[PDB]
Amino acid sequence: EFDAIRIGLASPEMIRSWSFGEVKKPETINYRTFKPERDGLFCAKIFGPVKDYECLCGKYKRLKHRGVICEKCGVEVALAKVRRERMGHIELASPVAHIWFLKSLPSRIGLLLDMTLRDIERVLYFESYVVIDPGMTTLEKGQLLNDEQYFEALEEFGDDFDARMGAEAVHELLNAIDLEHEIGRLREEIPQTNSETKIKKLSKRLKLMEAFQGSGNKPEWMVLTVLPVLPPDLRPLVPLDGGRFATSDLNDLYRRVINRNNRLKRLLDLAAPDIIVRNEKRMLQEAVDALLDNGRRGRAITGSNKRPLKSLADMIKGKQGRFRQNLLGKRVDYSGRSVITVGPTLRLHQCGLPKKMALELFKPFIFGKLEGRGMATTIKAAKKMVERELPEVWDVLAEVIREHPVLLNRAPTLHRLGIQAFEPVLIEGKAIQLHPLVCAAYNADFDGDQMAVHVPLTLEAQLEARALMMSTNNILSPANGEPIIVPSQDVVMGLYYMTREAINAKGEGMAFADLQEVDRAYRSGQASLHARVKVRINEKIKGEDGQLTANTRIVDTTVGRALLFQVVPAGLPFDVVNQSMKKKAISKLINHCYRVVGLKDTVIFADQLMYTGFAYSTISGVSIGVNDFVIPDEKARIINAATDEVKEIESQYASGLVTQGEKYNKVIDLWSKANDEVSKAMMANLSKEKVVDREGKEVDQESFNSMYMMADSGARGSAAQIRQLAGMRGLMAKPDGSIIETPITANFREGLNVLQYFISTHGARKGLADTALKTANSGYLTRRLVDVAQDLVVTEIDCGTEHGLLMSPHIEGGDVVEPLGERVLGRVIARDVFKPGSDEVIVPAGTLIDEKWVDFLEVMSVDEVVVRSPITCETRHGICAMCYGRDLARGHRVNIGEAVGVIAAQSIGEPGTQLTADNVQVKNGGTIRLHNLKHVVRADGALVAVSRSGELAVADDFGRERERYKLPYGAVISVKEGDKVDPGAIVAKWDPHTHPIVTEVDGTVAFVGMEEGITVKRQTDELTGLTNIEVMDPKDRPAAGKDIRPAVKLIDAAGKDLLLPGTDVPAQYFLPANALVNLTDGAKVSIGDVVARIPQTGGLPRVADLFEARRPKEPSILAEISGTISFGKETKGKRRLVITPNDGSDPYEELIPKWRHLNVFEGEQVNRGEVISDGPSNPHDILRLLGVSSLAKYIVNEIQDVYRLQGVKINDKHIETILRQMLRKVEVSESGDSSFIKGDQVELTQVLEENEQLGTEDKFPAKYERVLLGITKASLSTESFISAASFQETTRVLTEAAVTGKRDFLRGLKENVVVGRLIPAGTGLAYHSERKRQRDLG
Amino acid sequence: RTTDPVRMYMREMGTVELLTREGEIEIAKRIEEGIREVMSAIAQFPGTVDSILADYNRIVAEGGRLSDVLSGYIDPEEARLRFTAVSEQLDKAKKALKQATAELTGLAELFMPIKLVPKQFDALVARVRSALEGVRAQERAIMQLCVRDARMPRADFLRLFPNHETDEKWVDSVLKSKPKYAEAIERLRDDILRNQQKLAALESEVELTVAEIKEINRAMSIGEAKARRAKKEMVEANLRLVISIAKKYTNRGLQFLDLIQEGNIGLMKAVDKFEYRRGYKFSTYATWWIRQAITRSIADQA
Amino acid sequence: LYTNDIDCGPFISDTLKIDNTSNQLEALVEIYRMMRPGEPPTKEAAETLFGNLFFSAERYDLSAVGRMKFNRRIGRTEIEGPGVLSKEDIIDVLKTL
RNA sequence: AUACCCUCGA
Ligand SMILES: [Mg+2]
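Those sequence lines, one after another, are chains D, F and C. Residues 16 to 931, 947 to 1126, 1135 to 1376 (the entry's author numbering) make up the first sequence, in order. Residues 95 to 168, 217 to 239, 247 to 451 (the entry's author numbering) make up the second sequence, in order. Residues 341 to 437 (the entry's author numbering) make up the third sequence, in order.
Bear in mind the hints are in silico, worked out from the structure with no lab data behind them. Some hints here could point you the wrong way.
[Said to hold, decoys possible] Derived DMTMM-like pairs (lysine to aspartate or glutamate); straight-line CA-CA distance at most 20 Å: (1) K705/D x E516/D; (2) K418/F x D284/D; (3) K216/D x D134/D; (4) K40/D x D407/F.
All chains, full assembly: derive it from the sequences and hints.
Shown next, in the form of C-alpha cells:
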C-alpha cells in the first residue's frame, strides 16, 4: 500500500536516478532493419526489450534469467511491460529554464529573484546581460546590461564583475540565493513598510521562501540542466496500415530537442562565433519549452498542418479541457447500449434486455455455469454453444439473469437518479425495454433515446445495486422528498378519466355492496365508468401507531373512483381517492402512501396505478380531433373591437396628438388585455362545454373534451399552450426583445398567415438557440458544483453545537411564498420550541421533524423556529448527521457515509436546463405588528419612521405573521398595534418621491448660511406651485458660494440651542443641492417634520453569479459601522461620510465616488447592516458585516427565487451545503502563530487555537475573519492538489504544488477515484476506517 | 518584447553588413596570415618538423598521398626541393645547438610558406597542447602538494618558482629562506624532484626550455585567435546569404531555424575550405556547401 | 477652429494632439514598429511594408462587391472603383465614423 | 488503432 503522494521539483541527480540511459540519437528506427537504434528514442539499452524475455541478438532466449544482461547483448532480458516504467535522460549542453515556472501568471522564477518576468525574458532570449557576484563594483546583481553597456562596464572594471547571458545566467543566480539570508532580510523588512501593495508582495515573497526552505526544494532545480524522456509506449508510434508509421507529437518534440542539443555540442566544440552559439542556445530553450508546453510564447507548429503540436502539458490536461477523460472517464467493459422502448408489462424493479445484448454481456457467467453444469468441457465448446445459440444455452442464460441486477443510464446523467439498477428480463428484439414510471427520473422519452447498460460483477457490486440503486429504492427525489417515480402523461390521463363524474350516466343511482360488485357491474356493461353511485367499503385506517382499525362505510362516489380504490393499499382512507385524481393529486397520494404504509406496498401501489392507468386510458378511446379545439365565439367580436381601437389610435397618432412612444405602450397594453380576455373566454367556454340531460331539464357539467382533460388532469399540456391552440397567439417578441406592435390573431387550428408564422419563427428560433446554451451552462455549473462540494460527507452523528438558522415562512410580498412547514420538514430543531406563552417546551431538542411534527406545529401557532444547518455543525472534515436533517431520497435520517455534498451539487445543477411603491396596501385582515422599527411618535400621532431598517407586519389571530411589508424612511403610519385592520386598508401613508429628511427635534430653526444665489435660490414654480427656496448647486454657485453650504441650526421656539441625544453637536443637518425645505426658517417645526427632500438578472447566469460570489458592475454600497452618519464632501469628487458611533467613535470612513447616485441622508443612525446606496448587494460586505447566518439566508433566498420562478422545488439543505463548502476558509487578522494575512482553512485555525489554549501562552490564540470564496475558487484552493489539478488550471496548481512541495493524503472522493481506491463515502467507509485503525494506531 | 526567435536573430545579425569581393580577399588574407603565423610557430618545435619529414618519407615510400599531406603554397618535385632545403636547414641548426637561434629563425622562415592538410594540422596542435598539458599538470601537482601540505605562502610561490620548474635552485632557495614551511617541504622533496626529472626529460625530448615553449605556444594561440576572428567576420558577413538560400525548403518537414542553422554549419565548412587564389566570388562556393548541409539535414529527417 | 460643443465634437483634433509624430517618416516607422515589433526599422523597409499593406494589387484587394459596397456606404455615385484602398478612402471612412 | 474535420441523435 501507499499514501500521501508528493510533488516537488526534479533534481538533476534524481533525474539521473529515474533514467535508465542517456538518449543521444534523434532517429528512432532504421528503415532497413526494423529494430530501434542505439541511443535512440526507443533503444533497447535504455527502455527495455521489444519482445518479452528476449534480447537484441537472441543470444539468450530462455525464460530463466529475467534480470541477467548478456555480454554481447547489453540490453537486459526482461518482460516487455518494462518499456512503460523505464525513462531516459538528455544531457543538455547548456541549462534551459522550465516553461511552467516561467510563464505561470505569478512567475516563480521571477518571484524568487525579485526581478520582473520581462527582465528575465530579456536575459533568457540573449538580449541583455545580467550581473553575478557584483563584488566591489558599482554594478548590482539585479542590474541588466546591454551590449554597449556591458562593453563599457568591462572596459571600466576589467574584472570582479561576472556578467552572463541565457538560462546559464539564471541558473547561476538561482543556486546563489541563500534562502536563509533572503528569508531573514525579507522578514525584517516586511513590517517596515506600511504600504498594502508592498506588504502583500513581500508576504508572497515570504510564502515562497518558506515553502522552499521547508519543502526540501532547491531553487536551482527550476532551471533543468537535464530533462527526462517519456517511456516509448506512452509516446508510441502507431504504424498506419500499408507500412506507414504514425509518429506522436511527443516523438516529434523529443526529436527536435535532441537534434538541437546535438547541434549545440558540435558547434561549441569547434568554437563557433558567439552570435550563432547564442542563437543555438535560444533554439534549444525554445525547443524544450515547446516540448513542455505550447502556445504560451512561441506557439510552435507541426509540418504541413496548421494544427499545433500536443505537448506534455496538453497530454496531462487530458481531453475535455482539464476534466481527465482517462482517469475519471475510463471506458469500461461488460457494457452496451441500444434504443430504449416502453415496456408496459414490466414491474418497477425489472427492465427488458435483448437476447443478444444479455448473451454478450454475461458471456463469462454463461461460460462458468456451462462448465459447472458440465454441459461444456473445453471453453471452445462453450463458445461454440453460445455462438450457435443452442436451446439449452437460453436456460443457463435465464439462470444467470434471474437475480443479477444491471445498471441503466442515459447520456447526460444530471443526478444519481440518472443511473439505476434493474433486474433484467430477457426480451425478443434489439431494444432495451424500460418501465414507463422511471422515464421521468431519467428525463428520457422514447423519441430516439439510447441507454447504456452495465453489468456489476462482484457480490459487493450486485448487493449495492440491489440495496442502494435498485429502482424501487429511489422513489423519492434526492432533491426534495416529493416522489419522482410517479404516474406520467398517459397513466395520469387514464386515472383522471376513470375518476370523473357525469351528471347523468348509465348506472347512476344504485348502491353496491362492495368494490367487487362495482367491478362486476362495470365489466358486465351495466354501469358507466363515471356515474354517481353509492358503495360501501372496508377501509383500514392507520390512525394509531401499531393499530390498524378497519371500518365499513357507505360513500357517495362514482364507479371509477370505487374501482381505483380497489388498488389503494390497506392503510389509507377512501377520501384520498374520491377527487378527480389529477397529476398533482396522484403525486401527493403516492407521497402520502410512502410515509404511511411503507416502501414495498408503495412500489406495488405504483405498479398497480400504472397498470390501471394504462388499462383505462386504453378503454377510454380518448383522441385529438380538429373539433376538439373549440374556438370561442366571442373571439371574433373581441378581435374586431381591438382592431377598431388600434385603428382609432393609429389615426390619432397620424393626427400628431399621440406620440409614437406612448402609442406603442398603449397598443401593447390593449392587445395584451384583449389576448387575456380571449383566453379567459376560451377557457370558460371549453371547461364547461358540456350540456347534459338529467331525467328532463338540461344541466351543465365539467367538460369531457379531450384537450380539456389533457390540460386539467395535468397529464400533458398547459393553459399557455391551449392559448395558442384554440385562442389567439398574442404578442410576440422581436429578436431585440421588443414586443411587435401587432399580434398573431390566428391560432393553430385556424392556421397562421405567412407574416405571423415568420414572427413565431423569431420566437421559436430564439428559444431553441437559448436551449443549447442553457444546457451547456447547466453542465458547467453542475460540474463546478460537484467539484467544490465533494469532500463533504456525513461523518459524525451529533457535533454538539446549538447554533443554526432561524427559519420563518417566506412571505416576500403580500402572499406566503413558502409555508413554514415545507421549509423545516425533514430538518432538525436546534433549540427549544415554545408556545405563544413561554416556559412551555413544545419541541424539546434535536428531534427530526417529520410529517407528524409538521402537522403538530401547524396545529399550534409556531411561526419562527431555529433549525440546525450544514452552515453550522462546526465538526472537522465533514458534517454531523443531525445538522444535515432527514435524507430526501429516504424517509429516515441520513446515515454515516452519505456523500451529501455530491447529492447537493447534483440536486442544484440538474434543473439548470429548465432555466434561461408609494404606500402599503394590506392584503387580508390581521392584527398589525411592528418589527425592527425605531421611531418616536409625531405631534399628531403620525409616527414617521426615518430609520432605514424597518418593516410592517400583520400578524394573524393565532399569532403567526401572515404578511410583512418593508416600511421605508419617513413613513407616516396610523399605528394600531393590536387593532385589526380590514383588508385593503392603507395603514402607512408613506409617499417619498424624494429623500425626505426628518426633524426629530422641534423649535424655531435657524437656517444659517442660506444665500439667495450662492447657497439657496428662492425659485418659485408656475401658478405658485411651491412657496419654497431651491438650494443652489455647489458648482452652479459662485466661487465663494461653492464652499458655502446651508445649515439649519437647531434652536428652540425662543432661541435655545438643542442637540440630538448621544452627540454634543446639534442636529443641524445641512441642506444639499436639489432640496425642498418648505418650512420657513424660524418657524416651529414639529418632531419628524420633513426638512430636506432630494429626488432619487435571472436564470442560469444569476445562480452562477450567486455561486461565484461575484461583484456586479455597480455593487450596492453598504454602511460600515453603526453610528451617527455624516455628509459626504462632494467637492473632492468622492463623498466621505464619517461615522461617529455613540458607544465608541471610529473616524475611519471610506470615500464613495459620486459617479453613482447616493441616497444617503446625513444625521441618522448608520446601522452597519443597512444600505447606503441602492444596487444589487455584494455577497461579501454582507458576510463581513451582517455575519454568516445573514449571508446564508440571503444567498438561499436569492437562489430559491430563481428556482421557484420556473417552479422547480429544491430543498435548501443543498444550497446550504454548497454555502458551507464555500465558507470553508477564513482569513486571519492578528495571528500570533501564523502569517499576518493568509487564506487558511477554518479547521486549521480552529485546531491551532485549541492547541494554543492548552499550550505555551494564553494570548497565542488567533483572531480571524470569515471569507467567502466562489465555487471555482474554493475548489481550486483545497489542501489536496490532485483534486484541484483535475478540475481546472492544471498547470498553475501543479506548479504551485511543485514549488510548495505539497503532499496529498488521499482523503477525498476524487483522490480515491483517480488513484483507484474505495470511495471514502458510502460502503467504502468501513474499509477506510479499518485502514485508519491499522495505520494511525501503529 | 518580441517573442519571435527569428526576429531577434535578424536583429542581432542585422548589425553587420556585407562587403565587396576585395573585402573577402582581405579576410582570406587574414586567415592565411594567421595560419602562416601558427605554422611558423610550429617550425620552432623540432618534433613537429621531424614528423612532417616522416610524413614526407611516407609520401616517397607511398605511405601517403599528395592530396592527403600538402595543400599548395602561396607537383611533388617542388615539394622534394623544399623539404630537402628544410632538412638541410634542420641539420645545420642541430649541428651548432647563439647562432642556433638564428638557424631556427631561418627554419621558420623556410617552413613558413608551406601549407598542409588539416589532419596534420590537428596532429601538430595535439602534440603541442599535450606538451603544454604535461607542463600544466606538473604545475598543478607541485602546487597542490606544497600549498595543501607545507602551507608554504602563495606570494613566494608565484614570485620565485615560476618559469624554472626544472632545477633544484627554487627548492634550495625556499629551503634557505628558512620558514617552518620549508622545513615541512623536506618531506616532499622526493616526489617534487622526481616529477621535475620527468619535466626535464620532456624538455630534453624537445631540446627547449619552459620559457621558449611558452613563447611558441603563445604565438600559436595568437595566430589561431586571429584566424578565428577572421572566420567570425566572414561568417557574420555570409549570414545574409544563408538566410536567403534557406528560404527554399521551408515546408520540407523541418523548422526554419533548424534549416538556417544547418546552412550556417555548411557555410563555416565552406569558409574552412575557401581560398582567394581561385579568383572567384564567395557566394558561388558557399551555395554548394549550404545546399549540401540543408539537403542532408532534410534527408536525414525522412 | 470652427467647431461646436453639443454637436461637431473635436474627436480628430483631440486624437491629433498625441503620438508626437510630425514627419511622415516618423509615422511610417511607428507603423513599422507596431506591425513588425522588435526588428529595427529602416526608411526603405518601413515604406515598402506600409505600401504593400496599403495599396498593392497583391497582398490586398477589394472585389467588385467590396468596392461597390464601400462606395455605397461611404457615399459615392460610382459603383465600380479601384481594387485597392484609395488615398482619400480612409479620409472618407474617418469622416463617416 | 492516433489527431483533426464534417454530418447526425438524445
Ligand atoms: Mg427525446
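Results of checking the hints against the structure:
1. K705/D x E516/D: With a Cα-Cα distance of about 12 Å, the restraint between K705/D and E516/D holds, given a limit of 20 Å.
2. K418/F x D284/D: Distance of about 14 Å is within 20 Å: holds.
3. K216/D x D134/D: Distance of about 18 Å is within 20 Å: holds.
4. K40/D x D407/F: holds (16 Å)
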